[PDB]
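Next up is one chain by itself, shown in structure tokens, the form deposited in one PDB entry.
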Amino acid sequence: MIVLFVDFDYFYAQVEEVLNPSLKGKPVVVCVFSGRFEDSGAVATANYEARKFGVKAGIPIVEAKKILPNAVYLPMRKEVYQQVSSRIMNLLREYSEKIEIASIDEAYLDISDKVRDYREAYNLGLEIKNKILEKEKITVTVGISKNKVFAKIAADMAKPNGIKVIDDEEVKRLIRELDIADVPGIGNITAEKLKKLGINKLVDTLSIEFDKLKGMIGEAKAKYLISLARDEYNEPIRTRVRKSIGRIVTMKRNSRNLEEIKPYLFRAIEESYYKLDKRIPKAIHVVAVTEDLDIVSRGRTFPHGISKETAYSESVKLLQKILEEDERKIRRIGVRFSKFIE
């Protein structure tokens, strides 16, 4: 099993750079504007120029502007980035049928039947990099290992505009020296627990008990690290299908008033149905973010597809249902559709 993983470098920011070459060299920050206050929202991605100074994904725009007042701040153009992504994803299919596309910017390729060793798995890697650079002007990072996780760790270590193989030795060598928060699927809320638990490196997942580990972080995560540590993990490359689509909006002011909210809910429906595009959902969930910032939802499943009219009808019923079971004032309202037919 030889796994080759491609992650596009600082994607949104890079597409912007390609589309506007004057942006070459300066800090560029792609933003999600929430719309409550002007400049309310979050940085989605910054190019390396901006990163260098602390402007990174997830931080408030206001914060980013305290650090780099004169950076170029742009709104997200998901529809412009997905064009480029879809094109590159097709380009990658010319190498492997078994291709697992995990995000707008990431794909795994099981290239076992295609190459004979890591040497010339590396060479197929460069052929992949160059072809993207010539075709799209986008630079990518290639990660290569025995399984998906390590192929990805390889990519992280080698970015941006890089290529890295991790053989069976390096795999053993990484099991004992990689920080735990650098393992894919392990984010902040998990990585901080293990700190207190004594766990820092991946090898530590056998330094102490399983019930001590499973007790804090859960069966599937505790198992996951163990199987990686024991050098056992091997999930196959699988074609992924989008499972759900939705849209959440922030209201101008918090409310419990059903009639004041309806316009926001109906707007979320309209955007969701534009996003669906001839995908027909069987389930709708109304999602409501509290004044306390807690996430509350209530859904419904149908034996059939949901016309936009039923969506309008049922969303209200579900909103009313959230109203009867909550005291607080709603800040953010949204809708989620799932269980597609066809």
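So that the term is clear: the rigid core is the largest set of C-alpha atoms that superpose within 1.5 Å between two forms. Positions refer to the first chain, counted from 1. First, how it differs from the form deposited in another entry.
- Two rigid parts of the chain turn against one another between these two forms, and the hinge residue out of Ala46, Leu265, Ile166, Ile111 is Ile166.
- Each of the two rigid parts keeps its shape between these two forms, while the smaller one turns against the larger by 11°, per C-alpha superposition.
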Second form
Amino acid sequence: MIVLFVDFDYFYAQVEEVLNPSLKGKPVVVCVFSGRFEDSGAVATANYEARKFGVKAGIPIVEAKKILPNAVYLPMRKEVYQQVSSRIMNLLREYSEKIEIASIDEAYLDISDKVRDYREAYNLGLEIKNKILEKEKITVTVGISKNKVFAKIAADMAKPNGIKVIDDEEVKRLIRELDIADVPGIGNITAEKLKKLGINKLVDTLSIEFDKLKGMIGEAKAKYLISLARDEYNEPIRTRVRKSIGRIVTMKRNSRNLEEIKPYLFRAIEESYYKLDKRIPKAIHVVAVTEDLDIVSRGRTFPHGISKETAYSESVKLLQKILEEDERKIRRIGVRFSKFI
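Please supply the coordinates for the form deposited in another entry, as a counterpart to the form deposited in one PDB entry shown previously.
Coming up is the bare chain, nothing alongside it.
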């Protein structure tokens, strides 16, 4: 069983470099401007020249400028990156019929058929890196191992622009050596709950009564970790299908007035519909971000699909429902469409 994971390097910034090579070499910051004020917002990503100084995904744009006042700051252009992603995905297709697109810049390939051993797998890796660099002029990192999880881990260890195989002898040392927090699907909240249980390495999950683990982190999560420890994890590669479309925007000023929010809300639905393109949702959820950055949501499923008129109508009630049950002001508002026919 051989899985090959591909992850494009500093993707949004690298695409910006390709479309305008003059940028290459200098610090490049792709930002998301919220408009609340001059430079309000966050950094989507940054090229390496910028990450070596602390500027990275998540930090406020205002904070990134204090560190690199002279870098190049660019607004994020999803559509552009998405189409480039799509083309790159189509290059991988020509390497396996078994392909799972995980995000806008990640994909897993089941090359158990094609390749025979790890040596060949590695070479196929180089062929893919090479192909993509030539066609799209974009570098990516490749990770190869026994299953998806370790393939991805392989990639995190080899970036940027690397390629790495984590052979069976290593999996075993990683299950013992590797820090549980560096395992995909284990964020802060979980790692923290894991420390208390004395688990700092994948192996520790075997020296704990399952039921206490489940109690603390959930069954799904407990079975996941345990199978990994037992070197038994092996979920297949499957094409994922879009299960929900939505849009959320920041208002210029926090508000509680329905008439002040409606406009932002309607625009959100509009864009969402354009994005649905042919798809018809049965469920609609209204999502609100409270002034103290907490998230509130109210939704509804219908026994049939939702027309745009219906969406406008029903979204106002859920927004009214929200305000009636929460007293904080609202900072961000949006909609989520799901359960496609």
